[PDB]
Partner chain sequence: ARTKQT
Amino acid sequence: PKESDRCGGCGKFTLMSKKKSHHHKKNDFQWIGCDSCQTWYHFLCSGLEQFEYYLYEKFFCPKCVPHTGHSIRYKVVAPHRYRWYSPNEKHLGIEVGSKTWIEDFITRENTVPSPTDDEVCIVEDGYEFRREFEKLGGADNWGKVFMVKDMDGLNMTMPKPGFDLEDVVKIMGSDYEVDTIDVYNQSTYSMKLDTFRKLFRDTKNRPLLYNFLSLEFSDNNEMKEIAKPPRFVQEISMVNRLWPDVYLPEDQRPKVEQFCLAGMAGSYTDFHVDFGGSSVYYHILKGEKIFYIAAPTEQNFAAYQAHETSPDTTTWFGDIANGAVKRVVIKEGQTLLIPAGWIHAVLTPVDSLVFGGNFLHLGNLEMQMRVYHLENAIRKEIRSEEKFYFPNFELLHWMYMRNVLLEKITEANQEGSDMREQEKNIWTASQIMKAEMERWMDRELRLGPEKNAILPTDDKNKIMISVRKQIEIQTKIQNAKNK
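Going by the form deposited without the partner chain, give the structure for the sequence I pasted, one chain, nothing else.
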């Protein structure tokens, strides 16, 4: 509540990877007044970091702290509410992920049913993983979750244990800004990596718990060699296929295959499906995670879909999910491999450091589209576009169809090969991807291009047309082995 008077800081008067803090940078230029010297500051100019904007009831500017001591935070009047500072909320009900709800969930969580052998497969090491994965038909048929106790045989480059946050801030830099989840407030704010470091190392005082979204390091030349996807992931990753480690501008590469995650004990991430129906690898370098997961059945998607567009905020999805939710504990040194569509929440019982990544692959093409449809539906239903969705989803597919599939189909045609003999998978994938893209093309006809579409409609039709033709031709080549 300030007048036409000036900010003591500035002296003036009145997306390729996962990022969420950039949305409410509209608080940056709201005002905070120092409680001592009574000078006013733009939040941005106050010395406060984004995550602290809302914390202090009494703010002391950097010029008064020496004699006032530190700013005073609001009293936690409602531990069971996201708005824990608000007295007018003390009487409302326990919200999921609030401090209250978490500590009450920690006592009961382990009464969540273990999963069936059709849902999750636990193996001792990467060599066994490969055998079991293969016995179930490999990547083209990858449908269950795998937990791999020991990473040997997995061919996944990870740092040696003991590598820790300090190493990360060393590499990325002490000033690097990471999007961090204020867990109790179930919102995302930017925080210096060094500040997170500090908060993390202070094991005694933790008014709020912080857990970082996705520090994606694929463009840090040192980091990107330290922690990588299992080789088998690299071999099936659609993005890696189109943008091989260095055609197609790097500024259009979806950047989600190499993330670092750090989380405090008692951290909770609520149920979701990974953007784009993408699959994930996840190695616990330090700590422990408990995943609560549910199969991607049509019914669980319906259930989950209604849980997300429900205004309700106090019901745990697991509790109204007809028992579909299963518990899996992933311990330090262990690795989790999750294929498309799995619904999951995560509890972090213990201070943790994790390396992981998201990817799209042709073997889950159908499920990826399904999830995509789910996201589109949920978006229409609730304007909560703090959400992050798979960067350049459709563009990825246009490039993949053009650069990869179309080329294969055409080659096969030019030599008169029946693709079913040696390339059946590529053939069935092309048809499914094509059908989905026709839908996109039609939608674009009835309602125009999206706000962000990189590919010009022109280039899209000229691709669609080359494809229809090569597919017709191959369809004839196949029908021709008939009598």
Contents of the next structure:
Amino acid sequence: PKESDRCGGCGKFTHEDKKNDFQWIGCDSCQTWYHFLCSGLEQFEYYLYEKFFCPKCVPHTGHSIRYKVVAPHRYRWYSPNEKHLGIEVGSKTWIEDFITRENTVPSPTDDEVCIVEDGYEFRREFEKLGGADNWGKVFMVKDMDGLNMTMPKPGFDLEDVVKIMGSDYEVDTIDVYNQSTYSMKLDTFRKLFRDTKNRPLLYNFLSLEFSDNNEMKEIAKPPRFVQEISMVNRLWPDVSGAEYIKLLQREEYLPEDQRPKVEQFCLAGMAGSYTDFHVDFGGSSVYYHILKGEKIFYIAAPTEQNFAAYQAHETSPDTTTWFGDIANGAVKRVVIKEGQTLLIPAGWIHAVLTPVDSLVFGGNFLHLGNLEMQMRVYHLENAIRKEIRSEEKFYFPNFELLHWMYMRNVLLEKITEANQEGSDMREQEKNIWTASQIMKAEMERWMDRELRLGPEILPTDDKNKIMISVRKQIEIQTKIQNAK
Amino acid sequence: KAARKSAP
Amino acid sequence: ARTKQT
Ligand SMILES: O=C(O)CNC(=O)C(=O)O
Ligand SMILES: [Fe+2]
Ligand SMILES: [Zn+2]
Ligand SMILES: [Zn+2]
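Alternative state: the form solved in complex with the partner chain, after the form deposited without the partner chain:
Let's see the whole complex now, leading with the same chain.
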């Protein structure tokens, strides 16, 4: 073991092990090697410097020198081999240009988005359309009054967020011009955010999940109607005392570390930020409240035609074509301003431009009313992933497990209790019944798949036991229906 | 990692 | 920047 190969850390040859992985960076002065974690760099910085000067050398050497911006139209804006290549969506060059023709993309039809003045008008319009069980269009609610959506009072800003969460709290952050995600300290983000005049690179985080911060989780919550239809909320209720005890007695307890934690996000982005088209993971629905700033969403309805274009777009190696230009005019523009709230159901394809420095609270959720579309989006994701390669963390966490638990703990119980009486479920629970069949059919497919090529937390055996029990109760119920 | 909402 | 992994 040559002394050269010892980290000026940490002074070890192997880091103890966010994750250092097993990566080092060398100093371009003293030539000593550091583990990335011991180097003083954060992950977002790993590709920025042409010459890295370690902390010990900086005083006599100066700051690390970053690559020159050689190709602002490329994600590899620092590579001379890319100067002659096409303009990539959305490198800096692409975004600056997009900003000047952006307002020409058409407004939505009234079938696509309904704009309402406040949450009481929302409730009324929502109900006319059949409510959550038929939720198919997006809603923009100008004033939050009536939504029963707990939010911080204006004046609240990034400063309070960093104080509540902590300066060293790491968040997954988008490096906009590079279109990639890196870890960054909240304090480090705040600093870049404060300096409005000097922004070589733009940053936008979408993924600060705070449902486990005891202070934050009380300050920003989902609208009530969302808490009431959320499948995750149904399964991991934030309950206490005897309620909680009964949860334990019924074996309906579920580990906190198994909970998909996606219902309370904080988002902050610099002016000129752009997030490219996507469908939210698991085909979850979204609430999105703008506390400060302004967002422009570009959206396309979840039709088979749009999904085919989107799937092709996602799996194509091309990088120069804006999805909106191949989508046959499906893409619509919707501006959301400070104080306003967007409600998006399953499957909507959307990109978003951040015209102004922003602070947003939102969340993702699954619900029974959109179960078919949610599964259609799952299929869509699985198809795309067959082609490309993506990290698990960009998909809905424990998607399949959640449905096993929901079927076992929620649906099965209701069909069983129903069965032990009359008792036609169409007369008082048609929505529960139709959802059970949709979920069952999709779960049969998952079973089949598993028995053809093995598993990947819930043993194959337990799954089969649940299915057998579901089939039994379903066949029982339909016989109560072949009669009546 | 792709430029997209992240839930680890 | 010159890097490495093991
Ligand atoms: O805010 C952004 O730039 C992008 N966020 C989303 O697409 C979302 O919240 O569903
Ligand atoms: Fe999204
Ligand atoms: Zn070290
Ligand atoms: Zn050095």
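Here the rigid core means the biggest group of C-alpha atoms that line up within 1.5 Å when the two forms are laid on top of each other. Residue numbers count along the first chain shown, from 1.
The residue among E103, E385, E225, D312 whose Cα moves by 2 angstroms or more between these two forms, once the core is superposed, is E385. With the core held fixed between these two forms, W31 has its Cα displaced by at least 2 Å.
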